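Visitor: Spelled out, the chains give:
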Amino acid sequence: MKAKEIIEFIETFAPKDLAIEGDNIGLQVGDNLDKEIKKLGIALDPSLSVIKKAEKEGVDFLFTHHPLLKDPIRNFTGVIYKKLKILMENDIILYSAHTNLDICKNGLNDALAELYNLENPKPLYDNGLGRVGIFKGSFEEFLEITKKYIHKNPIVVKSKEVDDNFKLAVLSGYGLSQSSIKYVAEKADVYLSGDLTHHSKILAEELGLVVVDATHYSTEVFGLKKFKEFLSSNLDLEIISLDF
Amino acid sequence: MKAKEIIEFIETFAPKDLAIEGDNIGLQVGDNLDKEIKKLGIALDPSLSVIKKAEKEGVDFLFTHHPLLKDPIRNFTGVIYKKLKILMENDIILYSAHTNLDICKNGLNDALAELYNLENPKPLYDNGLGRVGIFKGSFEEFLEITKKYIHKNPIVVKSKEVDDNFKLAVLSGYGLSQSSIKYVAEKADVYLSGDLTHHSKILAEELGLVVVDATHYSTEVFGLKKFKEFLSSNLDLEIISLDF
Amino acid sequence: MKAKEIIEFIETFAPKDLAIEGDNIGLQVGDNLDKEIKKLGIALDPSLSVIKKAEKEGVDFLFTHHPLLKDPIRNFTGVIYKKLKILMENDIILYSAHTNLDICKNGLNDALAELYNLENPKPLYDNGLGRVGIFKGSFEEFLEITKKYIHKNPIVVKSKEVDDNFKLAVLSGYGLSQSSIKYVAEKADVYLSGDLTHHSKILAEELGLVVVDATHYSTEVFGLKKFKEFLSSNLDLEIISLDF
Numbered sequence: 006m007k008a009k010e011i012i013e014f015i016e017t018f019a020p021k022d023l024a025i026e027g028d029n030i031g032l033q034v035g036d037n038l039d040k041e042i043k044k045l046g047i048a049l050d051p052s053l054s055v056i057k058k059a060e061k062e063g064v065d066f067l068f069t070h071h072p073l074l075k076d077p078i079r080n081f082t083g084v085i086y087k088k089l090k091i092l093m094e095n096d097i098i099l100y101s102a103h104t105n106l107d108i109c110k111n112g113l114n115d116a117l118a119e120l121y122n123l124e125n126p127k128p129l130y131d132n133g134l135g136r137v138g139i140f141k142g143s144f145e146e147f148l149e150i151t152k153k154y155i156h157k158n159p160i161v162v163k164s165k166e167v168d169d170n171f172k173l174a175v176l177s178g179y180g181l182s183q184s185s186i187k188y189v190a191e192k193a194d195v196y197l198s199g200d201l202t203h204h205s206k207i208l209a210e211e212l213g214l215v216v217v218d219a220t221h222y223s224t225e226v227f228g229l230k231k232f233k234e235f236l237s238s239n240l241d242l243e244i245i246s247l248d249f
Numbered sequence: 006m007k008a009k010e011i012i013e014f015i016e017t018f019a020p021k022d023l024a025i026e027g028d029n030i031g032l033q034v035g036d037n038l039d040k041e042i043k044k045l046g047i048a049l050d051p052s053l054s055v056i057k058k059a060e061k062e063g064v065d066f067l068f069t070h071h072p073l074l075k076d077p078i079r080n081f082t083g084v085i086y087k088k089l090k091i092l093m094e095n096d097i098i099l100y101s102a103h104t105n106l107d108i109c110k111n112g113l114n115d116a117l118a119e120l121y122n123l124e125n126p127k128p129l130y131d132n133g134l135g136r137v138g139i140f141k142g143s144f145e146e147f148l149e150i151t152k153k154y155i156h157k158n159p160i161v162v163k164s165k166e167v168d169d170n171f172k173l174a175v176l177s178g179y180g181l182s183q184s185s186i187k188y189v190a191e192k193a194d195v196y197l198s199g200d201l202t203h204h205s206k207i208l209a210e211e212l213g214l215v216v217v218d219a220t221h222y223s224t225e226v227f228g229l230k231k232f233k234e235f236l237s238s239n240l241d242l243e244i245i246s247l248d249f
Numbered sequence: 006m007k008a009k010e011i012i013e014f015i016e017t018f019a020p021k022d023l024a025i026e027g028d029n030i031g032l033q034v035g036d037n038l039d040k041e042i043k044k045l046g047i048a049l050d051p052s053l054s055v056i057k058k059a060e061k062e063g064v065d066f067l068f069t070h071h072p073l074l075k076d077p078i079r080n081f082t083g084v085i086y087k088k089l090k091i092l093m094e095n096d097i098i099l100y101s102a103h104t105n106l107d108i109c110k111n112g113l114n115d116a117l118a119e120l121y122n123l124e125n126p127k128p129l130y131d132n133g134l135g136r137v138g139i140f141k142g143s144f145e146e147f148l149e150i151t152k153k154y155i156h157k158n159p160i161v162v163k164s165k166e167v168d169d170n171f172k173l174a175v176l177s178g179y180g181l182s183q184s185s186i187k188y189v190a191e192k193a194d195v196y197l198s199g200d201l202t203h204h205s206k207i208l209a210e211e212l213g214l215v216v217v218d219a220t221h222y223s224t225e226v227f228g229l230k231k232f233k234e235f236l237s238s239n240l241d242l243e244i245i246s247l248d249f
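From first to last, the protein sequence lines stand for chains C, B and A.
The authors' numbering runs 5 ahead of the 1-based position in the first sequence.
The authors' numbering runs 5 ahead of the 1-based position in the second sequence.
The authors' numbering runs 5 ahead of the 1-based position in the third sequence.
Hint data in this document are derived by calculation from the structure and do not stem from the laboratory.
Any given hint could be a false lead.
Note that the list lumps identical chains together, so a pair holds whenever it fits in one copy or between two copies.
What the hints assert, rightly or not - Under the rule of at most 30 angstroms between Cα atoms (straight-line distance), these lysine-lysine pairs were calculated in the BS3-like manner:
(1) 165 - 21
(2) 165 - 230
(3) 110 - 141
(4) 206 - 192
(5) 61 - 40
(6) 165 - 141
(7) 206 - 9
(8) 40 - 7
(9) 230 - 172
(10) 192 - 110
(11) 7 - 206
(12) 165 - 110
(13) 163 - 141
(14) 163 - 233
(15) 40 - 21
(16) 9 - 40
(17) 21 - 206
(18) 9 - 75
(19) 110 - 172
(20) 233 - 165
(21) 90 - 57
(22) 172 - 206
(23) 233 - 206
(24) 231 - 165
(25) 127 - 110
(26) 21 - 192
(27) 192 - 163
(28) 172 - 127
(29) 127 - 192
Hey, can you work out the whole structure from these sequences and the hints?
Guide: Now the structure itself:
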């Protein structure tokens, strides 16, 4: 469809300047835009498996949530060498929307907000990430929606009894670090995100913040599935999932 | 009246230590604070026009909201040379109360909060700037007050619906940078401030924050007018505005 | 009971990672943690008086809220010499739980929250410190509770009329710096803490925050008494308070 034109469409949904400080968003690996494309792949992470499987299926435009490299390099060996080899031989464009996709209207965090039908939801953090608002319902109803739609067996740190109509906070991905938990404990009764260390569990219990670990995977793939749908039913392309 | 004493009065209303980190407040240019003062000028800005006009109208004490220099210098040429020449040649004192006037009780942000009759108003930012509270009324009633008392045709970024009794955030001056907007969006449904950039507009629509740009000038001058009157009523001394 | 066991108990109640960045918590002075402890002393502060008193009374394990040193040294003279000499000659162990005892469930801040029976209390600051919630009652009832259970004559900065069912912020210790006040003013109608500076007073008046200074001693010692009793109840040793 011309890569240039797909990218411009994605940057219309998720403007690049929504990305948090130092987020490596946009064109990752690629020369020759203007080239038309057939199979557009979509994955969470540009792991080698995902890059291999994209060549195997003749994907010529890989879209990932997570950037290829977080930190810059000037030597190319080991794993990064193979990933680039496959991508450069096969002329497969690799593009990324990371936090700009987590932050935009109807992005990964809005999707969680909508799922739980949060009342008057606002961004959680100063950088635009996450969403917080009232869950009009009970904690048990919150748990059912979560078990149904996000993750079947979520770790629940029930640090406090939860009244109906509590403030629910959600963060798609890794959101349960010690400092994240302290911050959100000021602003919410229940916090739904991924990756609960043992220390964070204890911290949550001490502060009285109820935490639900739905894993970083399930909370990201929920909104990513949605973005895939929005893509294929807006573009005449043919679009595959590579790690769902 | 005498210069020492006008300053003392101004600092009683707006104590210097209210000023945010790094703000150049207080005496800008002047050598003899015992100098009796016959005419006092007030301006938003110590512009060359304001300064020329001050000298031409025989102003011997010039008060400005904005300081002469944000960033220190060690060479004097061009515009700053011309400004200092006029102030020094005519022994016009130049004095500023900047953010301390924005932050103090009845100062520039209180003036806005009071206008909109905000319910249980509180400071917006960690540094004391801005006010946020509940506007007991409809979005419509709010716009009308804006158009009538602040600025006739404000650009409105109406990202989605605003219910009555919404959280209204106000900031006198330049309040619509990207980081400000991300921050206020956590705290308010509506944001009234000045100087909106195209990128900030997009950000507000993405985040769901309703923004009303009334210009930095209009939002500052409203409170400056109040500060002028308050000075008139308490001081026997001719007082003119040079800037508005 | 061995020293490492008492320490392990304390750290169960107040885990070390609860402490704010840079806080010097844990073993202050001591070498032999297998030491059988017969007499536990407890104090707000490892002052020279307290360390002398502890030796006079055969204390072999000294717990203090405040650390011995906040900033590191590499020279040993004056007061710090006299302190360490006593601790070392008598192999008295000195151990501290500082902000971790402030932040933990039923720690110093929670004790305040519980006393005023705050409605849905939450941590006040990003780092876990302080509690804030609704005081179900009048400003007057709130003062009677203060006067009776914390400090007899608290200084009150009545910056504003306070309605019933106000948002009350509590911070055990020194919470009344200018930056703390600007911040709490965003979040509360009334701030109960200790050690009010003159500039902080004016600042609170300007912003409309009602401040009650019950001193840093009285707000800390209240929770410390609870933790003493708790240490008595659980551990079997005799426990004397050297500071209160």
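Visitor: Could you run down the list of hints and mark each one as holding or not?
Guide: Results of checking the hints against the structure:
Taking the shortest Cα distances, residue 165 and residue 21 sit within 30 angstroms of each other only across copies (22 angstroms), while inside one copy they are farther apart (39 angstroms). For a Cα distance limit of 30 angstroms, the shortest separation of residue 165 from residue 230 across copies, 25 angstroms, qualifies, whereas the shortest one inside one copy, 33 angstroms, does not. Taking identical chains as interchangeable, the C-alpha atoms of residue 110 and residue 141 lie at most 30 angstroms apart whether they share a chain (22 angstroms) or sit on different chains (28 angstroms). In this assembly of identical chains, residue 206 and residue 192 lie within 30 angstroms of each other by CA distance both inside one copy and across copies; the values are 17 angstroms within and 26 angstroms between.
Taking the closest pair of Cα atoms, residue 61 and residue 40 come within 30 angstroms of each other only inside a single copy of the chain (19 angstroms); across copies the shortest separation is 67 angstroms, beyond that limit. For the identical chains of this complex, residue 165 and residue 141 are neighbours both inside a copy (18 angstroms) and across copies (20 angstroms), given an alpha-carbon limit of 30 angstroms. In this homomeric assembly, residue 206 and residue 9 come within 30 angstroms of each other (Cα to Cα) only across copies, at 24 angstroms, whereas the closest approach inside a single copy is 44 angstroms. Proximity of residue 40 and residue 7 under a CA criterion of 30 angstroms is satisfied intra-copy only: 5 angstroms inside one chain copy versus 73 angstroms between copies.
Taking the shortest alpha-carbon separations for residue 230 and residue 172, only the intra-copy value of 26 angstroms comes in at or below 30 angstroms, while the best inter-copy value is 34 angstroms. Both within a single protomer and between protomers do residue 192 and residue 110 lie at most 30 angstroms apart by alpha-carbon distance, with minima of 21 angstroms and 18 angstroms respectively. In this assembly of identical chains, residue 7 and residue 206 lie within 30 angstroms of each other by CA distance solely across copies; the values are 29 angstroms between and 47 angstroms within a copy. Only between protomers do residue 165 and residue 110 lie at most 30 angstroms apart by alpha-carbon distance; the minimum there is 11 angstroms, versus 32 angstroms within a single protomer.
Proximity of residue 163 to residue 141 under the C-alpha cut-off of 30 angstroms is found in both arrangements, the shortest distances being 19 angstroms within a copy and 25 angstroms between copies. Only between protomers do residue 163 and residue 233 lie at most 30 angstroms apart by alpha-carbon distance; the minimum there is 28 angstroms, versus 34 angstroms within a single protomer. In this assembly of identical chains, the alpha carbons of residue 40 and residue 21 lie at most 30 angstroms apart only when taken from the same copy (22 angstroms versus 56 angstroms across copies). Proximity of residue 9 to residue 40 under the C-alpha cut-off of 30 angstroms is restricted to the intra-copy arrangement: shortest distance 8 angstroms within a copy versus 68 angstroms between copies.
Taking the shortest alpha-carbon separations for residue 21 and residue 206, only the inter-copy value of 14 angstroms comes in at or below 30 angstroms, while the best intra-copy value is 34 angstroms. In this assembly of identical chains, the alpha carbons of residue 9 and residue 75 lie at most 30 angstroms apart only when taken from the same copy (23 angstroms versus 43 angstroms across copies). Taking the shortest alpha-carbon separations for residue 110 and residue 172, both the intra-copy value of 21 angstroms and the inter-copy value of 21 angstroms come in at or below 30 angstroms. When the C-alpha separation of residue 233 and residue 165 is checked against a cutoff of 30 angstroms, the pair qualifies only between copies, where the shortest distance is 25 angstroms, while the shortest distance within a copy is 37 angstroms.
In the homo-oligomer, the alpha carbons of residue 90 and residue 57 lie at most 30 angstroms apart inside one protomer (10 angstroms), although the nearest pairing across protomers, at 67 angstroms, exceeds that limit. In the homo-oligomer, the alpha carbons of residue 172 and residue 206 lie at most 30 angstroms apart both inside one protomer (19 angstroms) and across protomers (28 angstroms), since each shortest distance falls under that limit. For the homomeric pair residue 233 and residue 206, the shortest alpha-carbon distance between copies (26 angstroms) is at most 30 angstroms, but the shortest distance inside one copy (33 angstroms) is not. Proximity of residue 231 and residue 165 under a CA criterion of 30 angstroms is satisfied inter-copy only: 22 angstroms between copies versus 33 angstroms inside one chain copy.
When the C-alpha separation of residue 127 and residue 110 is checked against a cutoff of 30 angstroms, the pair qualifies both within a copy, at 11 angstroms, and between copies, at 29 angstroms. Taking the shortest Cα distances, residue 21 and residue 192 sit within 30 angstroms of each other both inside one copy (27 angstroms) and across copies (24 angstroms). Proximity of residue 192 to residue 163 under the C-alpha cut-off of 30 angstroms is found in both arrangements, the shortest distances being 17 angstroms within a copy and 26 angstroms between copies. In this assembly of identical chains, residue 172 and residue 127 lie within 30 angstroms of each other by CA distance both inside one copy and across copies; the values are 11 angstroms within and 12 angstroms between.
Taking the shortest Cα distances, residue 127 and residue 192 sit within 30 angstroms of each other both inside one copy (11 angstroms) and across copies (8 angstroms).
Checked against the numbered hints above, the structure breaks none of them.
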